[PDB]
Amino acid sequence: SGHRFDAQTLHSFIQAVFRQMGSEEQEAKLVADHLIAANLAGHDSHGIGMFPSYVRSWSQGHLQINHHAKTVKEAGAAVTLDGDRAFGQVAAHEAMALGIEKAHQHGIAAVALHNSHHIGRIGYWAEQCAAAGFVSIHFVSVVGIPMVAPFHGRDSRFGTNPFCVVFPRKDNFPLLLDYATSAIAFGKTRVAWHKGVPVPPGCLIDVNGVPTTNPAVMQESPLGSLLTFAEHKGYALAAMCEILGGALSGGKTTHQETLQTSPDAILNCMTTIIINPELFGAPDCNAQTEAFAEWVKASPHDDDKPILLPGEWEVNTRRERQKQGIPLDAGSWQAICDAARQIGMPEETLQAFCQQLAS
Amino acid sequence: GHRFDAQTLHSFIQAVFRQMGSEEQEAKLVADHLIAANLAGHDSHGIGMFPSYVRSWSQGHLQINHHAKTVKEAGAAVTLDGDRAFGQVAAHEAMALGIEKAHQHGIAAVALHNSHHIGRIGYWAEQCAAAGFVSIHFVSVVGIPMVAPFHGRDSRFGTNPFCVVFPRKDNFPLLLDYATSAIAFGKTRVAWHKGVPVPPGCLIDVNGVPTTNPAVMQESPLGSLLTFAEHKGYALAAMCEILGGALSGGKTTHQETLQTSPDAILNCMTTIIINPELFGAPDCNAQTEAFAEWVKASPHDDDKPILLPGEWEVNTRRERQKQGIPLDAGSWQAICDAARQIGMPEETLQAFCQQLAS
Ligand SMILES: NC(=O)c1ccc[n+]([C@@H]2O[C@H](COP(=O)([O-])OP(=O)(O)OC[C@H]3O[C@@H](n4cnc5c(N)ncnc54)[C@H](O)[C@@H]3O)[C@@H](O)[C@H]2O)c1
Ligand SMILES: NC(=O)c1ccc[n+]([C@@H]2O[C@H](COP(=O)([O-])OP(=O)(O)OC[C@H]3O[C@@H](n4cnc5c(N)ncnc54)[C@H](O)[C@@H]3O)[C@@H](O)[C@H]2O)c1
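Those sequence lines, one after another, are chains A and B.
Using this note's numbering, the first residue of the first sequence is number 65, and each one after it goes up by one.
Using this note's numbering, the first residue of the second sequence is number 35, and each one after it goes up by one.
In isolation and in its complexed conformation, chain A is listed as follows:
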């Protein structure tokens, strides 16, 4: 028995909860901006539901509040940053701003960010680049929490290592590819497990390497493992993200020495290439893009399942959720409220927010 929450009011609440944690004003805003945007886009695993986990990471000495990305190298068209375990919502925002400026100066630039706390929905960083008028390409690794098996392997070796590319369009939503290199997102298994239903086949193996559709293998001991998408194809991409993101950013790849001591210590590396599309000799680019968009959607389909462009799913969800509210399941909401209580938000403050959110 879930709820629908007004996005503006819920943002106010999320921001208040990070102030209570100790975040200063700008930090709390940056965190709330990213989390609410993930909820609006339909990517709820990276939304307000991350809050209890973030408190745990911080309490355990991993996530550091009120930190900033530090420049460790700047050379030609590339800047390299140490996220210093800051909120990824802070460090990646700082990284994009520096990278976008570098692309203004050089036409094509790169920003590498290692050792940032969880950077959330990667499409959000791409949207910043696209709003400034650039193409961007992002290789992301998750440092030292193995949860995905290599093709041919029977246990976890690397993170869900997302890949993201964006193409900006004048007066339209950007074409946005953004996804994990695993066969299914980790959060999907968490949802399926709570609901008592299986996941699709070809996504999971159990502790012994045997294919399974039971999501309990990702949520209870003995832990199994996620598979990569499309066998060797998702695996090749996950490995390229590990190396271009993890190693090439100046960060850590996953191996014995680098494993996290907690499942809440979620650290990302990201290498981003930012490209001014106007440098190319493509006078007909807009018309060719639009002609293809129209042609691809004319493919025969069920009425309830029209063809989408990359990034259109998020745009449509956002529109629905601005109008109807953000849905939160009752268990996640309880966990959120309980976590807010435990960091010292007074009961009366939480009551007043709940009354505002009931409207």
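Warning: the hint list may mix true and false statements.
[Unchecked claim] Listed below are the simulated DMTMM-like cross-link pairs for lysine to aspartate or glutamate, each with C-alpha atoms no more than 25 Å apart in a straight line: (1) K221(B) / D328(A); (2) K338(B) / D219(A); (3) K228(B) / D371(B); (4) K203(B) / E321(A); (5) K330(B) / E376(A); (6) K330(B) / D70(A); (7) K103(B) / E342(A); (8) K234(A) / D371(B); (9) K166(A) / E311(B); (10) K259(A) / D235(A); (11) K387(A) / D70(A); (12) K252(A) / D328(A).
Everything labelled a hint here was simulated from the structure, so no lab data went into it.
Given chain A, put chain B with the ligands in place with the hints provided.
Same frame as chain A, but now just chain B with the ligands:
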């Protein structure tokens, strides 16, 4: 079938292109790329392309003795028109210009539109990696719809490959190179000739119904390839269409741009080339090697060990350099027929066959 010595097969291929009309350097460039594809184990893009190239040329698509022309040069980006040259020529010229530009700028891009078939994409990435660079390639196939969008029931775009490479000092490069379709078009051609099913989740028929019958890609009524991993391969195919086809200054697939022949294989490719040394990553080598060993330690069958991206092609090349390139009899017959079609004298062709047989 047969097993052919790579070096002899190279001489043959080169001579066949001279006979077609290619000048020496073009014939060499075409032979280099085709034999490398066979050595790497990607036979669809190897010597077996020759009959299709002859058909394409005869129909006025592929042009012999053409070159990529620089149509724009702005900052770190160069844009080329391939002029329907052999892709083995146009893309070679594109990589050379792009690598030069990346020497100059640290990070550069080269866009190539309107090139004839550029073959195995990893080959261009290997040139970038050999010069010390990371490269990323978005490729579209112009106006040959073969693959359905996720939720669609017919073909709307090409097999649109994606490629990324990371160079390693004194080692093979980490090389991702694949089509965005669920299965290679070539594999369906093979499974048809051999009369076997393809795996499930790869094909739909003319009415959009799932099938394992490769007949649907080979006879009428034509069905369609699916993308890999549903929306995932579909989103990547669409980004390749746009970043490759549209942004390179080329054409995307839609009604007005459909080819009139299945052999009119024209590629657009947008390549970003990145000097990895610009990043502040003093432990990059060690972190890369540590990951490589760690990922291989995952429990596995002895006969199916874990590979790095690119390792498969490296191993195949070693095996085929030693054992020879295998060619199926039907393909070899098509190659010999195409050689006669472009006027190679019977005695020249026979001389080559005898040298290849021994
Ligand atoms: N920060 C991290 O370490 C981390 C790790 C893994 C995943 N993530 C994030 O989790 C989120 C979800 O990941 P996922 O792998 O579950 O993604 P997903 O399976 O939901 O894929 C979403 C992508 O596919 C597109 N898409 C959806 N439906 C489509 C359709 N019918 N046609 C064409 N395209 C369609 C979307 O527009 C988007 O590009 C992403 O935002 C990702 O960045 C973050
Ligand atoms: N228009 C075009 O020019 C065009 C179109 C489509 C495909 N192609 C080419 O066709 C070729 C084949 O495409 P495909 O989709 O069938 O490729 P594929 O399925 O053979 O995948 C090849 C990729 O996966 C990697 N790989 C293979 N086994 C692996 C393993 N066990 N672990 C990790 N990685 C592994 C390879 O090293 C390579 O990067 C490619 O070279 C592609 O460039 C060209």
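Here's how the hints hold up against the structure:
For a cut-off of 25 Å, the pair hint linking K221(B) to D328(A) is broken: about 44 Å separates their Cα positions. Distance check on the hinted pair: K338(B) and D219(A) sit about 15 Å apart at the alpha-carbon level, within 25 Å; holds. With a CA separation close to 21 Å, the supplied pair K228(B) and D371(B) stays within the 25 Å bound. Pair hint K203(B) plus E321(A) holds up; C-alpha atoms about 23 Å apart against a cutoff of 25 Å.
A C-alpha spacing of about 38 Å is found between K330(B) and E376(A), which places the hinted pair above 25 Å, so the restraint is violated. Restraint check for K330(B) and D70(A): not satisfied, since their Cα atoms lie roughly 48 Å apart, outside the 25 Å limit. Taking the CA atoms of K103(B) and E342(A), the gap is about 19 Å. The hint holds against a cut of 25 Å. For a cut-off of 25 Å, the pair hint linking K234(A) to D371(B) is broken: about 51 Å separates their Cα positions.
For the given pair, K166(A) sits about 17 Å from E311(B) by alpha-carbon distance, which is consistent with the 25 Å threshold. Of the supplied pair hints, the one linking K259(A) and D235(A) is violated, its CA atoms being roughly 40 Å apart against a limit of 25 Å. For the hint pairing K387(A) with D70(A), the CA-to-CA distance comes to about 9 Å; that is within 25 Å, so the pair holds. Note on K252(A) and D328(A): the hinted pairing holds, with a Cα-Cα distance of about 18 Å set against a maximum of 25 Å.
The structure is inconsistent with the numbered hints 1, 5, 6, 8, 10, although it conforms to all the rest.
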